Amino acid sequence: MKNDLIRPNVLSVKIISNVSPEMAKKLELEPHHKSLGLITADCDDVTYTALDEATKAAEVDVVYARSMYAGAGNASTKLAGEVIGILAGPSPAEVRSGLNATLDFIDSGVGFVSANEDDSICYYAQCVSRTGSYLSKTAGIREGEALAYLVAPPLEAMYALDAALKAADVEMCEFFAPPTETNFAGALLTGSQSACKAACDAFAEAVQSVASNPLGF
Amino acid sequence: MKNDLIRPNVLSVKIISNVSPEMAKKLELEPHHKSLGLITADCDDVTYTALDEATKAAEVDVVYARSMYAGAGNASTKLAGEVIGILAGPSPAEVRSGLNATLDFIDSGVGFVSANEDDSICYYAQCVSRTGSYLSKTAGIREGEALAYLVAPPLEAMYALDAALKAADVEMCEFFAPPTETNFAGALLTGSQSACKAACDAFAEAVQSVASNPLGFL
Amino acid sequence: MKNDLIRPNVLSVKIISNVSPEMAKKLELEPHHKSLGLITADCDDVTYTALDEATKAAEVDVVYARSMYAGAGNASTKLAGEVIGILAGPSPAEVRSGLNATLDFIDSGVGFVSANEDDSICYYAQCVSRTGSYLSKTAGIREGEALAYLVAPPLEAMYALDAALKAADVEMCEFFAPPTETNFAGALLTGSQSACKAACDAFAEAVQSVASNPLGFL
Ligand code: NA
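Chains A, B and C, in that order, are what the protein sequence lines are. All residue numbers for the first sequence refer to the deposited numbering, where the first residue is 1 and numbers rise by one. All residue numbers for the second sequence refer to the deposited numbering, where the first residue is 1 and numbers rise by one. All residue numbers for the third sequence refer to the deposited numbering, where the first residue is 1 and numbers rise by one.
Don't read these hints as lab results, they were simulated from the structure. Accuracy of the hints is not assured; some may be wrong.
[Unchecked claim] Chain C is nowhere near these chain A residues, computed Cβ spacing over 12 Å in every case:
{"no.": "1", "residue": "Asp61"}
{"no.": "2", "residue": "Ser67"}
{"no.": "3", "residue": "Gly73"}
{"no.": "4", "residue": "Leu79"}
{"no.": "5", "residue": "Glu82"}
{"no.": "6", "residue": "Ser91"}
{"no.": "7", "residue": "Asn116"}
{"no.": "8", "residue": "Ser133"}
{"no.": "9", "residue": "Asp169"}
{"no.": "10", "residue": "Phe176"}
{"no.": "11", "residue": "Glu181"}
{"no.": "12", "residue": "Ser194"}
{"no.": "13", "residue": "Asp201"}
{"no.": "14", "residue": "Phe217"}
[To be verified] Pair by pair, the computed Cβ-Cβ distance ranges are:
{"no.": "15", "chain 1": "C", "residue 1": "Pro31", "chain 2": "B", "residue 2": "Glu30", "range": "40 to 50 Å"}
{"no.": "16", "chain 1": "C", "residue 1": "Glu59", "chain 2": "B", "residue 2": "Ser120", "range": "57 to 67 Å"}
{"no.": "17", "chain 1": "C", "residue 1": "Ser129", "chain 2": "B", "residue 2": "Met1", "range": "27 to 37 Å"}
{"no.": "18", "chain 1": "C", "residue 1": "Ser20", "chain 2": "B", "residue 2": "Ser120", "range": "23 to 33 Å"}
{"no.": "19", "chain 1": "B", "residue 1": "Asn9", "chain 2": "C", "residue 2": "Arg130", "range": "50 to 60 Å"}
{"no.": "20", "chain 1": "A", "residue 1": "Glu171", "chain 2": "C", "residue 2": "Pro21", "range": "50 to 60 Å"}
[Claimed, not checked] Which residues of chain C face chain A? A few of them, derived with a C-beta cut under 10 Å, are:
{"no.": "21", "residue": "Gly109"}
{"no.": "22", "residue": "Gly111"}
{"no.": "23", "residue": "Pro153"}
{"no.": "24", "residue": "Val170"}
{"no.": "25", "residue": "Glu181"}
{"no.": "26", "residue": "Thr182"}
{"no.": "27", "residue": "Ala187"}
{"no.": "28", "residue": "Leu189"}
{"no.": "29", "residue": "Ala211"}
{"no.": "30", "residue": "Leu218"}
C-beta: ideal position from N, C-alpha, C; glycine also.
If we strip away everything but chain A, and leave its shape as in the complex, we get:
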């Protein structure tokens, strides 16, 4: 139903000890990050927020993060989902903590929200109180700064982004131009915490107004 959470699921996890030099060269790892933590899930933007959360609780960096074409509902293999993330750390112990932190956040109640009765429209309006090292880098903001993580299908996102930018004292940091690999869109907006929360509410309200009137104009 409307306002129901779409629960994200982690599909696969694996840890690498002593990465090969060739692979470290490709992934441009820091010299003393000898261990990697791999993870896939069925929801990309939640996983991106979870990976950033992991950099806050463990001595890890996000070195790879990409979404799959057409989303998790169209995956052709068991573990592909719609996202792959790679954490790098000095040893499997740090990587293990990061992966555990990632999984806990994915299971913490955060996620996309359904906008109508048949769950055919959904959106992501997440206020990140304190960014880690990954979303702050992606957004070009100081680590620890707040951001609103806003994602929705193409038209809803463009309409709702305009509403969010006008409703709150926020600035655009990164634009997810439609289509992402999953055929969504959105942005990362920064500002004070209260402003990011106001933007999340305006974004969510705007997406709902499209779902209750998709063609009326």
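Take the given structure of chain A and dock chains B and C with the ligand to it, following the hints.
What follows is chains B and C with the ligand alone, placed relative to chain A:
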């Protein structure tokens, strides 16, 4: 069935009045673009032709037009379809006029055509008699000249484009190298309106022949 | 079943005896290239290896080869599959022989292998003893040099690729960063023939290790 029109559908339409300055920045709008018209549909190339049609009778420009990965049949949400287009204009009233023309054109009988009984192969063979400001820009021609808008699945398109180029006095203006986001392909060919129509007929004929014998010499 | 070959299927094949000058340019054919051979299939990496084999058995070059977004399981039309390849040759006889070699290789037993009982995870671990003109150029090595052609889903590929690089005296030539158009990943590794084979076996074993315990320490 063969020769059936695949009816295109508009999924969502919205007008943004007084677009925020940072949105105008990311979208690279011009200082006189004050209102936006958003549209999604379940058929991308038909919508691109309609948006271009809108630029002839109204003061709107096509500022954004992108297709969705794997097409409308693989959309995960109700309104994503397989295309998003954005018109920019001086006021919401002018944008409304442009969108009205876009909707009328999408409902005018244009669309993809089926090449076989189960509609598992389809193609687009549209003669654009008089281009607007969008397709003319994309093709590198002057506004008001004609185009043949030819789209089909990868192999059919490469074969049928070759048939069209031999059959009519046209030149290649824009090549949609396989795959597009929707896993189709094609091109924009220009010439006289009769040459463009001859190219459309030859393109449609070639796609149908491939559908009747996909494994060629086997 | 685990270790079962995934049978690849060719979906369409077509020859063009004499390509028009316009298609010849946009497809970047050599002046002596007069004919084209088109092919689509439901498995891209097997088809790429087959096209490369064709450049060894016939006087043909691979001039176009691309994968479809989201793979063959998500194709919207009958013949799109997940790959289109184009061979070019001096006459229809060379193109025909090239296509025959391509088809013979696709049906030769090479292919993706299932990693678990329900065939929900599969991988490609193919040792190319002597590359033709296509995969050699793709990897940046001389034709005739050997390659390990390793493909698997994103997480499996990264783990198994790292495993392969440790197990053999090979170097990374081309990295298929996840996701490819088909939402797979892998790389082309070069070295001695036995070294490339050692990497292939190590890659396959590592993928199977993830498939039998996807959640790892969890
Ligand atoms: Na699908």
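Status of the hints after comparison with the structure:
1. At the 12 Å boundary, the C-beta of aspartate 61 of chain A stays outside the reach of chain C, the nearest C-beta of that chain being 16 Å off.
2. The non-interface label for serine 67 of chain A is inconsistent with chain C: the shortest C-beta to C-beta separation is roughly 8 Å, within 12 Å.
3. Interface exclusion of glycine 73 of chain A from chain C breaks down, the closest Cβ pair being 10 Å apart, not more than 12 Å.
4. Not every CB of chain C is more than 12 Å from the CB of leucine 79 of chain A (nearest about 6 Å), against its label as outside the interface.
5. Interface exclusion of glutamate 82 of chain A from chain C breaks down, the closest Cβ pair being 9 Å apart, not more than 12 Å.
6. The claim that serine 91 of chain A is not at the interface with chain C holds, since no C-beta of that chain comes within 12 Å of its own (minimum 14 Å).
7. At roughly 25 Å from the closest C-beta of chain C, the C-beta of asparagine 116 of chain A stays outside 12 Å, upholding its exclusion from the interface.
8. Even its closest Cβ contact with chain C, about 21 Å, leaves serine 133 of chain A beyond 12 Å, as expected for a residue assigned away from the interface.
9. For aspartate 169 of chain A, the shortest C-beta to C-beta distance to chain C comes to about 37 Å, beyond the 12 Å cut-off, and the non-interface label holds.
10. Once the 12 Å rule is applied to beta carbons, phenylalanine 176 of chain A is consistent with being away from chain C; the minimum gap is 16 Å.
11. Listed as outside the interface, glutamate 181 of chain A is inconsistent with that label: its C-beta sits roughly 7 Å from the nearest C-beta of chain C, within the 12 Å cut-off.
12. Annotated as non-interface, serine 194 of chain A keeps its C-beta farther than 12 Å from every C-beta of chain C; the closest such distance is 37 Å.
13. Chain C leaves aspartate 201 of chain A outside its interface by the beta-carbon criterion, the shortest separation being 33 Å against a cut-off of 12 Å.
14. With a minimum CB-CB distance of about 29 Å to chain C, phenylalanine 217 of chain A clears the 12 Å threshold, and the non-interface call stands.
15. Against the hinted window of 40 to 50 Å, the Cβ-Cβ separation of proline 31 of chain C and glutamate 30 of chain B comes to about 44 Å, which satisfies the hint.
16. Our hint of 57 to 67 Å for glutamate 59 of chain C and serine 120 of chain B is violated, since their Cβ atoms are close to 35 Å apart.
17. The hinted window of 27 to 37 Å between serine 129 of chain C and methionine 1 of chain B is violated, with their beta carbons roughly 49 Å apart.
18. A hinted range of 23 to 33 Å holds for the C-beta pair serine 20 of chain C and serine 120 of chain B, which are about 28 Å apart.
19. Hint check: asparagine 9 of chain B to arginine 130 of chain C, Cβ distance near 52 Å, so the stated range 50 to 60 Å holds.
20. With their beta carbons about 52 Å apart, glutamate 171 of chain A and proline 21 of chain C fall inside the hinted range of 50 to 60 Å.
21. At about 22 Å, the closest approach between the beta carbon of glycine 109 of chain C and any beta carbon in chain A exceeds 10 Å, and the interface hint on this residue is violated.
22. Violation of the interface hint for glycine 111 of chain C is found here, the shortest Cβ-Cβ separation to chain A being roughly 15 Å, above the 10 Å cut-off.
23. With a least beta-carbon distance of about 5 Å to chain A, the hint placing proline 153 of chain C at the interface is held under the 10 Å criterion.
24. Below 10 Å, beta-carbon pairs count as interface contacts, and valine 170 of chain C has one with chain A at about 8 Å; its hint therefore holds.
25. Hint status for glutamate 181 of chain C: holds, given a least beta-carbon distance of 7 Å to chain A, under 10 Å.
26. Nearest Cβ of chain A to the Cβ of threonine 182 of chain C: about 8 Å, under the 10 Å cut. The hint holds.
27. The beta carbon of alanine 187 of chain C is positioned within 10 Å of a beta carbon in chain A (closest approach about 9 Å), and the interface hint is therefore held.
28. The closest approach between the C-beta of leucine 189 of chain C and any C-beta of chain A is roughly 9 Å, which is under the 10 Å cut-off, so the hint is satisfied.
29. Look at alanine 211 of chain C: its Cβ gets to within about 8 Å of chain A, closer than 10 Å, so that hint holds up.
30. Checking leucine 218 of chain C against chain A: minimum C-beta separation of about 6 Å stays under 10 Å; hint holds.
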